Amino acid sequence: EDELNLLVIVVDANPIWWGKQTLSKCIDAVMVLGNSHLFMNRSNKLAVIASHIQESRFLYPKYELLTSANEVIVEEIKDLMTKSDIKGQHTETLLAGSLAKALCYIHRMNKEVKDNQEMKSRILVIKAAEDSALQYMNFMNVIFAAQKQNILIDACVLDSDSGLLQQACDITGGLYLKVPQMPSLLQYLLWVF
Amino acid sequence: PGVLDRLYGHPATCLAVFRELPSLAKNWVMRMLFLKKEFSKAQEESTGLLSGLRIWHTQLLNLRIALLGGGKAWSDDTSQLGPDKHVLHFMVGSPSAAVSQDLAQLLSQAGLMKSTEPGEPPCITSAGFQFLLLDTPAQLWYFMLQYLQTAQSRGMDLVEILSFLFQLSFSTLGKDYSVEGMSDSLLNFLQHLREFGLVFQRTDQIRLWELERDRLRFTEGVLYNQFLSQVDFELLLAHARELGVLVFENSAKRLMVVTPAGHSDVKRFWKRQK
Amino acid sequence: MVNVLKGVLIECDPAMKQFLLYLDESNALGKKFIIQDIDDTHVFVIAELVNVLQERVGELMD
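Residue numbers (PDB author numbering), protein chains in the order written: chain 3, 5 to 25, 33 to 72, 100 to 231; chain 2, 28 to 62, 76 to 101, 117 to 141, 159 to 274, 388 to 459; chain 1, 1 to 62.
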């Protein structure tokens, strides 16, 4: 508990979730995981970001805050559901944007913490989507920044093939798991990382 | 999301199919657990339903808070279901389920205090006949029931709980027998009881396996048979001991044979009829 | 042939110890009651009550 820990969760919003058939359930599970994480230690913090087809957006920004976190997440995702970028209208997601947002937040939190002692942070991606060539430069830029920062990027691929994310974990020294049985999502989040 | 009902449905189907006789349900119920659940479940067949019932509370361990409260809402329905249902297997299921609801802390202490289920756990706990397997779930239920009460300020249940005191005779037995497993369960009851309400209440060994062997040495308790009238009555009475597997010895030239005490009576009966 | 029955204990000792029991039977005080008969070399019809004594005596004796 001595070390402050920030875990940023990037959730891939892509309509691939339709293939999943449920997003609502995925949120419920992610919420349980977050609550546990916050409960483990006082010093743990969480940030949640959505990587959508069109852009990346911040869902939320402590455990006392959890009630707030739950409401903010449910509401934020619902807004996201919009028709544009529907189904595999757009196969990819804006992970590069999400990672950029995550590193900015981690940096800001770190500076404040710098006044104090060191902070440990790691980024978790729940990835539904596929990578694209156009995406390569942007994504890698963020990935390399994280590696230099020594911030591990873990990835849980529910489905699809995001090679870049796989590369991102190896690179970053993070963990990559392609989940067989997506309904076991909760176990993977708790157990896998 | 359209997928969710389908996938989980298939396992609902599998559990339904081999629902009746054995204990298939446990592994499948767990999978089912994650993905008004209680209200809907109630219609389904009891066994397995209880299994799902048991594991789901366990599985819970924000939205989670919502889940617990939701569960609390229909704790009564399961409770009504628990009684009424009340083999060893079933019995294990009912207490395991009850125990599980108890740790959840959803159950109402009042209501529980005056209910048949609490009588039933100490009843099985009292009886010598119950097997070790029933014993462990019964014991666990009691432990969990007491665990549930983290107060006793307001807990009528911690009165009926006192029913543990009745158990001492049972522990005396059990002790008399070499049933270590039956004693350990008792100790857990005691320890847990004290815990809740504590505030309220005030080579070398080579000769030792040889010394064990000195306590075993053979002979058998036995009937001998002699002065048999003709050979056919030795051979009938002998073959009818040999199929009973209680021939210790035979000698057809003596017309003499030996039966250990446990089949004296089946021989005394065969000697009277034929 | 179910002429006669006798509750007794059947001892299935070895071809070494049996004669020892016999010796126990004779040359003994308050004994000779012990063995009903020797059915086989290995087995004897003996005692009942005496069995505790026979075993114990054998133990004490070499």
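Careful: at least some of the hints might be erroneous.
Going by beta-carbon spacing under 10 Å, a handful of chain 2 positions derived as facing chain 1 [what the hints assert, rightly or not]: (1) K127; (2) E405; (3) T444; (4) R453.
Just a sample of chain 2 residues kept apart from chain 1, beta carbon distances all over 10 Å, derived [unchecked claim]: (5) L60; (6) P138; (7) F162; (8) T404; (9) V416; (10) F433; (11) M441; (12) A446; (13) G447.
If you are wondering where the hints come from, they were derived from the structure by calculation, not from laboratory data. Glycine residues also receive a C-beta, built at the ideal position from the N, C-alpha and C atoms.
To see whether the hints hold, each was checked on the structure:
{"no.": "1", "hint": "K127", "result": "violated (67 Å)"}
{"no.": "2", "hint": "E405", "result": "holds (5 Å)"}
{"no.": "3", "hint": "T444", "result": "holds (9 Å)"}
{"no.": "4", "hint": "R453", "result": "holds (8 Å)"}
{"no.": "5", "hint": "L60", "result": "holds (60 Å)"}
{"no.": "6", "hint": "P138", "result": "holds (55 Å)"}
{"no.": "7", "hint": "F162", "result": "holds (47 Å)"}
{"no.": "8", "hint": "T404", "result": "violated (5 Å)"}
{"no.": "9", "hint": "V416", "result": "violated (8 Å)"}
{"no.": "10", "hint": "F433", "result": "violated (5 Å)"}
{"no.": "11", "hint": "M441", "result": "violated (7 Å)"}
{"no.": "12", "hint": "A446", "result": "violated (8 Å)"}
{"no.": "13", "hint": "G447", "result": "holds (13 Å)"}
Violated hints for the displayed structure, listed by number in ascending order: 1, 8, 9, 10, 11, 12.
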